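My structure is below; once you've seen it, I'll send some questions.
Every protein chain except one is present and positioned as in the full complex.
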Amino acid sequence: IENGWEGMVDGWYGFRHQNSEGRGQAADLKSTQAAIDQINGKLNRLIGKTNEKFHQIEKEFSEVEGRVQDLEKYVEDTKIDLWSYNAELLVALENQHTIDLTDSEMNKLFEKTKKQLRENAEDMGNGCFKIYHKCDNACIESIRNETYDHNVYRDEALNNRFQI
Amino acid sequence: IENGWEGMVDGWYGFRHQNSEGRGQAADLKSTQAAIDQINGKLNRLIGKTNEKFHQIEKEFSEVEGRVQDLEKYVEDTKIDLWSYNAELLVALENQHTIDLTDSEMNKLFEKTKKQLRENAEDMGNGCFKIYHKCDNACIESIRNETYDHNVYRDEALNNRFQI
Amino acid sequence: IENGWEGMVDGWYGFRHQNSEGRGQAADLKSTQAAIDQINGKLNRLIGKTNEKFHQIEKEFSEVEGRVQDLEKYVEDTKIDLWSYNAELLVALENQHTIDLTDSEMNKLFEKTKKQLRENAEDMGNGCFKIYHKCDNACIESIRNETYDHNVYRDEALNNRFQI
Amino acid sequence: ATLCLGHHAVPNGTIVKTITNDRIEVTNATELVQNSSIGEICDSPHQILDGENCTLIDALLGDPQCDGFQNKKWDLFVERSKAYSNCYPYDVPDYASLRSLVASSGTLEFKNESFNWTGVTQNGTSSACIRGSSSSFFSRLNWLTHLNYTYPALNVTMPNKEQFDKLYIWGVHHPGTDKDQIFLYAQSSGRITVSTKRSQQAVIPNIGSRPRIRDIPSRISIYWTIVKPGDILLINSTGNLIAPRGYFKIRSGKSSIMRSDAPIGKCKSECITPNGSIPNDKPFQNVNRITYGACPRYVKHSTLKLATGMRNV
Amino acid sequence: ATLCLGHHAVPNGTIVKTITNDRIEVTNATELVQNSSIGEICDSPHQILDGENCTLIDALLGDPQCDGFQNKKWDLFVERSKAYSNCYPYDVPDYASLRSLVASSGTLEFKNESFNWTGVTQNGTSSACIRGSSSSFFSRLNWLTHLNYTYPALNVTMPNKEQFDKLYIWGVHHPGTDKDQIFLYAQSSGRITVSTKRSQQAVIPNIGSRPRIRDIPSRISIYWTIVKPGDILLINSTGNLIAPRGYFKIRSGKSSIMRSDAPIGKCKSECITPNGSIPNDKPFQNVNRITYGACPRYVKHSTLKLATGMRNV
Partner (left out) sequence: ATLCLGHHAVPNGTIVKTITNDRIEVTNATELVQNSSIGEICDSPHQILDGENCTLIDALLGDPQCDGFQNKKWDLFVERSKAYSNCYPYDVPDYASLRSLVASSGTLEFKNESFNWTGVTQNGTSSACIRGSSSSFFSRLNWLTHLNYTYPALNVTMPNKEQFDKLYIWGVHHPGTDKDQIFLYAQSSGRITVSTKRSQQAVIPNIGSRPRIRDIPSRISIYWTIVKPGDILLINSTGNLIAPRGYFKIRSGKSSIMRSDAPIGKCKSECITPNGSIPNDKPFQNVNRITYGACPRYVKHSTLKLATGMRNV
């Protein structure tokens, strides 16, 4: 896949096609929803989940007290510094995971398509499938709706792929 | 792969086959052992590994003492809360890794099989290989034991795949 | 891929070939540089990044003081033990990521090659591509420099692959 | 025919960090750090006392201008930075501990006791504390002075037969000069001892002037003790005693003190920070480190963006 | 021919958390949180004292019913919640610090010293401490009283010429009334000063009654000091002194005190928790936060399941 689609607004993942009827696009709502559910799940585990504290040590001081204060300040700074570490690590792991997650779902969509189009298509390096049966709309929707039957077209697609 | 095999008990990963001799199954013990070793390794790094402490601050208090106690309690609560965080994160990372690990080993098994059956088989979306040579038992064991020779069958399998 | 190349010194990832002109090898500098940039990035986020502290609690004690010291020691030990945990976890995650990273880049190189050699090559289990057009040097450099045109050779490669 | 697969892209994405890179463009990212407070403290669900000019200790002792705090309860007590006392000056050793104790109890519920201050004069007052335009004193303290030029030693045994702890607040007077001590107590020197079965406190009054505050060279020190059920509070004093009038209840609890100049508005919010209430959906905040309730954790990062989208373009 | 690849599945798996989902079915998962203690404390590998009714301080001082603890050693001392003293009542300022010090030393090894308590009467006793049906006193303390109505000031210089620190435990008597102080010490008031080259302690006895405990209105305070090799312990006292009889050794160490009502059984286990011993294979526990030895970390999670299997069905 070379680039994204600025005009695709009905989902995150989808298909665009070119046939003899015309050009157009639609989202794959199962791929999109799966990506959405995992992301929302991760957000739900974090956002809205806080802990309740009521009484704590003093954090702000106005006078010199000596070693008791040095420790009370030390303890609080240690806690903050360490939670800041956890926060940065957590976000970086979550973001690394999120981008790998969405790319994984895209690869799954691609494989679903080549596995459904068994031997009726070639993988191009631009993220597109060359389809060797001259299909118009109905195959495209069938592929989108996981009902494409490779046994219908192989007899006509193979001779336009390997036999020329 | 659509579902698992409730009857496979001699390993975690394996093969099931259908030929003219009959139907049956066996585990792939190299795939299974590799999965087991990584899992046991992860467990060994954690389970049985504890640190020894002897003298610590008081954690339980029965009387009002003032700010010294507020800090001693604060310090302990901070430690627990933070270790609870580490414990949950650790388990979630280990479990995310374990399920991705086992699926990775399964994908490796699948690729090993399609790479060994070079052009003598088709990937079906159900996790099965359609084999185009009418093999009975010996090929199946040969594939299981990494000795299948694709150069033996291509001459007979290709004409039953692409030439019909 | 069975093993590595002890003699490849102009990059980390690369190609080795055998044709009628001779045998030889060269690095893929885009694959190598991408791997290098991600690794150096990770190192830059860690190495050279320290925090400045000036005044802290006492960590070394020479006399018996009572509960105030027990807490001051407890706090420091908690901090160290916990940062030691973070340090080990961080390195293990970074190393797990680094080895998966470099293997990922290698798989990308392999796919780039099979996607560029569309149907003109077979994946061997040893990490090598069998090329069915009798190419000498120029195809090899073309593949290395992402300009190989599969439409030039398919007419001659397919008949030496499937038609024998 | 051609079938292309791909992802949506947006004209303008945002930048997030990952583990391999610091700057990757993403469609949409949810900021996880609540920077921005409302600017006011919300008045619910928590019960909050405003503390107009009333330090929790002035409210405890019964300062002339804190008489509206008698028997109040709170989940959170708020002190204003402008608060000042307006009564006889005082010195609380270990101020911080008394303040914490009262704060966590969460109440100034007080009950009077039938103390037997006999042979002494009760209700001593000072021009320092004006209430109703007359000289008065802290409402929860009883400043004892001689009666007919006699200050007999006191000995009060006040048992705890209830099921709760009783907190007694009492103090010690430090007259400026020998002249004042003899005038007030008919003693050349005093001494105070207060005990329970578990512990004992004793204080020697320190006669001498300190720099004048509110034109007063003299001061009162505040001490406290806790009496457990089954114990007996024993007060023995030859002079300079600022007697308790009763006891405060102690509750275990969820209450505390925050210092804040923020106003209290009409709003519902669980997390309270000196800079007002903060919505608590985001897991982290960088507004302050002093918080009360179900708050986000404090971090030093100004921003953390969690991708919700995918790599752009 | 058809060759299918796949994974095993189980009729009933278990549920584990991951980072993308909270509930994923897995074949088998190893619980990582040891909930459940044995219910008894194991008696090995650690050396454990039971502390039948003996607070580590009562054992230290030599309470009539703790005479079986003389010169004992422990890795862990256990206090029972039912323990009570049965001797003259006492008050240890900073009780917690003395308790910690003795606890970590791990021993009550004690040696007598040739103290020169001269011109005074040694071995004073009280009906408070009955041993062998006779009035006695704490076995490691020497209550000095006047001799022939005279209590001369004492001055004991006891040098440390050994290679180890010496811990001296001593106290101060607080008679109920003036009558009792004069009866016992032939002084109207006493004073005690104890010093080393590094530091000095001084105590003024406080005469007066406290609520009676075990019918006794009077109390003894306990103080301690550490003498380093090369130093000299100097004891100067005009009265109310509960003298040391010798010193305790201090060891650096790995010992401590746990509060527990659990019985001690016949078992081998490294991790000890107030609720008995806990197997220490799992990395976390949620039994208690108070632990001794090579224990799992305490977490607030009731469960953590680490998949050992794979996604089911």
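Lettered A, B, C, D and E in written order, each chain numbered from 1.
One rule holds for everything that comes next: a residue touches a chain if its C-beta (ideal position, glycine included) is under 8 Å from a C-beta of that chain, and two chains touch if they have at least 3 such contacts.
Novice: Kindly state which of the options E:10, E:147, E:182 or E:234 is in contact with the chain not pictured.
Specialist: Considering all chains, including the one not shown, the answer is E:234.
Novice: For chain A, which residues reach the chain that was dropped from this view?
Specialist: 63-68, 70
Novice: Where does chain E touch the missing chain, residue by residue?
Specialist: Where chain E meets the chain not shown: residues 157, 193, 195-197, 199-200, 202, 231-232, 234, 236.
Novice: What residue numbers in chain C mark contact with the hidden partner chain?
Specialist: 1, 3-6, 8-9, 11-20, 35, 39, 43, 46-56, 58-60, 76, 80-81, 83-84, 87-88, 91-96, 98-99, 102-103, 106, 109-110, 113, 121, 126-131, 133-136, 139-140, 143
In this text, only the chains that are shown with their structure count from here on.
Novice: Given the two chain pairs D-E and C-D, which is bridged by the higher number of C-beta pairs in contact?
Specialist: D-E is joined by more C-beta pairs in contact.
Novice: How many angstrom between the C-alpha centroids of chain B and chain A?
Specialist: Here the centre of chain B sits 23 Å away from the centre of chain A.
Novice: Could you put a whole-Å number on the gap between the CA centroids of chain A and chain E?
Specialist: Inter-chain centre distance comes to 59 Å.
Novice: Would you kindly tell me how far, in whole Å, the mean C-alpha position of chain E lies from that of chain B?
Specialist: So the centroids are 51 Å from each other.
Novice: Which residue numbers or ranges of chain D touch two or more of the other chains?
Specialist: In chain D, the residues touching two or more other chains are 19-20, 96, 100.
Novice: Specify, in ascending order, the residues of chain C that touch 2 or more different other chains.
Specialist: Residues 67-68, 70-71, 75, 82, 93, 162 of chain C touch two or more partner chains.
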